[PDB]
Structure formats: structure tokens, C-alpha cells
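Novice: Spelled out, the chains give:
There are 4 protein chains.
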Amino acid sequence: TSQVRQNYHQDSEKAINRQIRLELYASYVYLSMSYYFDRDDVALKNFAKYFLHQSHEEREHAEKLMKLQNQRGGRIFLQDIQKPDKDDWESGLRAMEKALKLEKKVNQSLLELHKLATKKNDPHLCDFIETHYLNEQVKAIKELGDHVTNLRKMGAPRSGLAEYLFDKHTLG
Amino acid sequence: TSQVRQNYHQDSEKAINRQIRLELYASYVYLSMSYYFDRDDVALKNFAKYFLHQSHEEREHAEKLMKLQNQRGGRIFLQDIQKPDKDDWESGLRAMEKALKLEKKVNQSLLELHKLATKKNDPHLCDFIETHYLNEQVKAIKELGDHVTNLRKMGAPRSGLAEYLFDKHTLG
Amino acid sequence: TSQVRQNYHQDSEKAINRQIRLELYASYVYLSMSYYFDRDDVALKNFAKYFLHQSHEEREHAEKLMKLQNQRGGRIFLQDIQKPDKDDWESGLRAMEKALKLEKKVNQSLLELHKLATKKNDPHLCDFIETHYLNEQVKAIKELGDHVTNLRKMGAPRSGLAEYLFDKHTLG
Amino acid sequence: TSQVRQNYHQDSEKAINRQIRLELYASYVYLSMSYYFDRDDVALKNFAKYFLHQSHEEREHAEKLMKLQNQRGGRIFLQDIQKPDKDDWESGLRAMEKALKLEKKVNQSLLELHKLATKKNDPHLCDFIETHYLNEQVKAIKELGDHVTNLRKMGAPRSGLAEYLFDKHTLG
Ligand SMILES: [Fe+3]
Ligand SMILES: [Fe+3]
Ligand SMILES: [Fe+3]
Ligand SMILES: [Fe+3]
Ligand SMILES: [Mg+2]
Ligand SMILES: [Mg+2]
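Protein chains in written order, with the entry's author numbering: chain B, 6 to 177; chain F, 6 to 177; chain A, 6 to 177; chain B', 6 to 177. A prime marks a further copy of an entry chain.
The set of hints was computed from the structure by calculation and includes no laboratory data.
Among the hints, a few may not be true.
For identical chains, the list gives no copy identity; a pair is met inside one copy or between any two copies.
To be verified - In silico PhoX-like pairs for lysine-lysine, Cα to Cα no more than 20 Å straight-line:
1) 158 / 173
2) 69 / 144
3) 69 / 54
4) 125 / 50
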């Protein structure tokens, strides 16, 4: 047992290792999305910048959970990071829909981790999740929702004009 | 009944007075440890500075709990502050070991306080403990574990060289 | 065929996709090494900071290769990022030795990639590798060689004092 | 023979004179394109500025090859610069398609010059071409590819709205 370990359940420790894995997976998905928009036959530079930013943000989410593992005296165990679901993300609109789906998937994992922290009476871990993750997820899901609505109303993904102007005036 | 009192259980009020005493006791242990390192026959100036700083922080921890007691309309009752367990703290490593044990004792008190506040449906007091105390203890415990590990790996407490160099390069 | 593709062989395109995967794998190995040194029972903060920096550098290496794929009209295909060889990296000396081996493995792949680019008369890809990767690998291998030599000369990994002082005076 | 001449093959010298000619031709094509967009019945000011910039850039490409000729002790021989293929470039989209075609034509000449420098064991000339020209071509071809994709997706050249907005938001 770690000399620092106190009130930190084995199940919480393992669930934190599983969240770390999901944050690194989200980083990989956004990296994939970014360079799809960098393709010469897609060429939406602000979509590419937006998703790269999200990729770097997911990496920080993972690093902060790895800090928390060591803070509580848990032990980090890294697993393979699986490739994203697609190689080709089809359009601005479809990427944003897949991003919204991903962020609700990450949020569902965080809500399960909180349920577990709550059952194991770990108020420090509850506080960690609420302060650093739950509102970040709610804001990301709202922003991606806002983006999908606007691209739909503009006529995407049919209208290449819609995605071009959205890239310019919303993601620029 | 205080005109400000709302959703504040007498058991929570009582528990906050017991936490105030424990914080003041922690302040006193750290004061003792500081001036042990100031002895001409110990003479580790940065151990002494580190512990004096900890003593002053424990006093602020006490003062914020006395503020919370008044904010919620509880009444402060102060008790004798028991002298620390040692007069002579033996070595930089043994003081760090005792400081780690003390921060774990204070953390256990805070986790029983949060358990009580959760049982009494006091989300204001839960938030206060989470925001101001629980992560402070997790950082303090992790730092003290880090200090003990380094002192051990350097060959303390036998190696007088180890404590000297740790006093210069980590606590300086 | 991409409208931008010129003098870019299928084999080169595939070899760039394999190099992207190896860069991301290298990023992952350094992330693992960094948080090993962040453990309360290892507690070498400058080893942890040194390896986290290498981790972010490796991600930058991968991103520039993904940009290159798109610049030449190649198509990015991402694969599973396999977990690092180890969970516990044993010591600063042993981490540095494994880091040296990793950088030599990555160098070997870039040298094979340059052989292929040369054989396919792709001077643009030759230049890209030479300009952006080959001297980065030679400087990284020299630096890691230097670190290993010093840690060995100092008495690591038997001397916890060796690793502590190296952490302070070289990686600090 | 020039007193400075060393390891500089007659074929390399003549091929450099032929590249100089092709750079001056590219400058002329972009000059022609620029003033087409300056016409009162075309009136896309940012297309005109974009192509004028490219015209001045091609002139610098030519001047740098003329410096290199004299550096190596070769002798400059200028040939007629033939008029561009069109007087009327039809649209933003068609100009960008013709520019992409031109830049792949210049790139093909540079790759042939490199093959020749390689066969004649002229590492200085190889380095010259790789450092100053090959990545410039790859970047120009990617940018022009990106521009063609966006104008197509926007509905050009049918949509006068597409070319107007592209002139404003991408070339402005
Ligand atoms: Fe995340
Ligand atoms: Fe305290
Ligand atoms: Fe690398
Ligand atoms: Fe040119
Ligand atoms: Mg709560
Ligand atoms: Mg809170």
C-alpha cells in the first residue's frame, strides 16, 4: 500500500485508469478529425484547428487524471489506445455530430465514475470529478450542439457554401 | 438560535469545534518541529523554515473554520491545545514521517466531518470541506510522502550528508 | 489520385503512416515514464518533467508527419497505439537506458524510410526526413547517452543519492 | 573555365539556365492572371493581389537561380519568355486550376534537375534545389489544391457569389 493512500478504494483506482484510457482515446479521435480537414480535398483550416485544439485539451484531461492517480497513491496502468471509428469523417457536420456523440460517451463514463466515488464515500474524488470534468463536459456538449444546429440550419452537409462560411465566421 | 442559522445541525457545529482544536494542535506540532531544526545541534535552517510555514498554514486552517462556524450561526468553544507527542523530533526524516502521520490524522477527521455533513444533508458544509480542506490534505500528504521517499533513497537518517543536501536542494 | 500528388510512391505513403504510428507510440512511452517519476515512492520531479516534455515533442513529430502526408496527397490511416513495454520503469538510470533504446529504434525506422525515399527518387521526402528528423534523433541519442554515462558514473541505480543529485543538477 | 568552377557539370549549368527561363515564364503567367482579375468585368481585387504576389515570388525564384549560376561559375544565357497560354482566364476557379497545373509543371522541371544533379554527384546543387525550391513547390501545390477544392464546394465557377465570398474571406 502507498504511504499516501487514504480512503481510496481499489475500484476507484481501476475506474481512474479506465477514464485515463478514454481521455487518450478522445485525444486520438480529435487528432484524426483535425487532419481529415487538413486534406487537400476537404481543406477547412478552422475545422482542422478546432479539432487539433480539442485533441491537445483531451491529452491535458488524461495527464490531470494521471496526476490524481499518483496524488491518491493509486498506480497507473496504460492500455492500448484503439484507433478512431472512422478514417474519413465525411463532412464538417458529420465530424461535429461524431464529436458530440464522443463527448456524451466521455460524460457518461465520468458520471459512472462519480456514482462509484459516491458509493465508496470518496468526497475528494467526487470534488475532483465535479470541479475539473463535469462542467467541462456540459460546456463541450452545449458548444458541439450549438455547432451542429448552425451547420444543419445553414444547409450542411449538402451546401459546401454552408461549411466554408461556418469555418470562416464561427471557427475562425 | 442565531438569526442566520439554516440547515446547520448541532452535531456539525460540535464537529467543527473539534476540527478547530485539531487544526490548532497541528499548528503546535509544526511549531515544535520548526524550532527543533533551529537547535545549534540540528541546524537545518530550511527544515525549520518549512515547518514554521506549515505551522502558520495550520493557524489559517483553524481561523477559516472559526469564520465558517460564525457564518452558519454556530458558536465557537475553544479547548486546551495538547502539547505535541515529542520534544525532540530525532531527524529530518523522522519529523517528515511524523508530519505525514499528522496530515493523515487531520484528513481522517475531515473525512468523518464530510460523512456527518452528508448524513445531515448539509451541501454548504460538504462544499466548504471539499473546496478548502480535502484537496489541501491530498497535496500536503503527497508532498510529505515525496519528501520521506527522497530522504530514504538518499540514505537518511544515518547519512547526515543526505539531510544536509535535502535541506539545500529540496527545501531551499 | 489527389490533385496535389506528384512523385509520391504508394510505398512511401504507407511508410509515413507506419512512422506516424511509431511517433505516437514514442509519445506514449515517455508519458508512462513521466508519471512513473511522479509516484510518491519514486518522487523525482525533474525526471517526470523531462519525460513529459519528450512526450509532447513526440506528439509534435507525429503531427508534422500527418501534415506531410496531406501536403503530398497521401491519406492518413491511424492504427491502435500499443501500450509501452513496462508499467514500472525501475529507476532514473533504467528509464534513460530504455529512452536511449526507443530513440535508436525510431532513428532506425527513419533511416529505413530515407532508404525507401532514396530508392523511389523522392528528394522532397529525403529533405523532409533530413531537415526535421535525423539530426533531432542524433541530438536526442547523444543527450540520452550523456545522461546514462553520468548516472552510471555517479553509482546509479544503487545510489538513490546519485539519482536525487542528477535530478537536481542536470534535469533541474 | 571559371576560376570558381568545381564539380559543376555542363549539363547542370544548361539545366539551371532552362529552370531560370521556366521561373520567368511562371512570373509572366501570374502577372497575366493578376490583371485579368483587375478587369472592370471581373473585379476580384484579392484574386488580383494573390496572383501579383505569386508573380513577384516567381521573379525572386529566377534571381536566386541566376545568383546560383554565377556562384558555381556557370554562365547565364537568357531565352525569349513566351506569352502565357491564355489572355482571358475565365474565372477565379479556372485561374486557380491553371496555377496548380503550372506549379506541378515547375515542380516536374525541378525534380528532373535534381535527378541530373544526383547523376552528376553534385550534392551542393541537390542541397540548393531541396532547400530553396522543392518544399516551396509542395506548399504552393497544396495551397492551390486547397483553393480549388473550396471554390468547387462553394459552387464555382457557376456561382459568382462563391468567387466573391472566396475573394473576401480566403484571399483577403
Ligand atoms: Fe476529456
Ligand atoms: Fe490543517
Ligand atoms: Fe520522434
Ligand atoms: Fe518558381
Ligand atoms: Mg457532493
Ligand atoms: Mg464543490
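Novice: Give the relationship of residue 158 and residue 173 under a CA distance limit of 20 Å: within one copy only, between copies only, both, or neither.
Specialist: both (16 Å within a copy, 14 Å between copies)
Novice: State whether the alpha carbon distance between residue 69 and residue 144 is at most 20 Å within one copy, between copies, both, or neither.
Specialist: For residue 69 and residue 144, the Cα distance is within 20 Å both inside one copy (18 Å) and across copies (13 Å).
Novice: Given a CA cutoff of 20 Å, do residue 125 and residue 50 count as a within-copy pair, a between-copy pair, both, or neither?
Specialist: Neither way: residue 125 and residue 50 sit 46 Å apart in one copy and 31 Å across, limit 20 Å.
Novice: Evaluate residue 69 and residue 54 at a C-alpha cut-off of 20 Å and name the case that applies: within, between, both or neither.
Specialist: between (23 Å within a copy, 14 Å between copies)
When the structure is compared with the earlier hints, a violation turns up for hint 4 alone.
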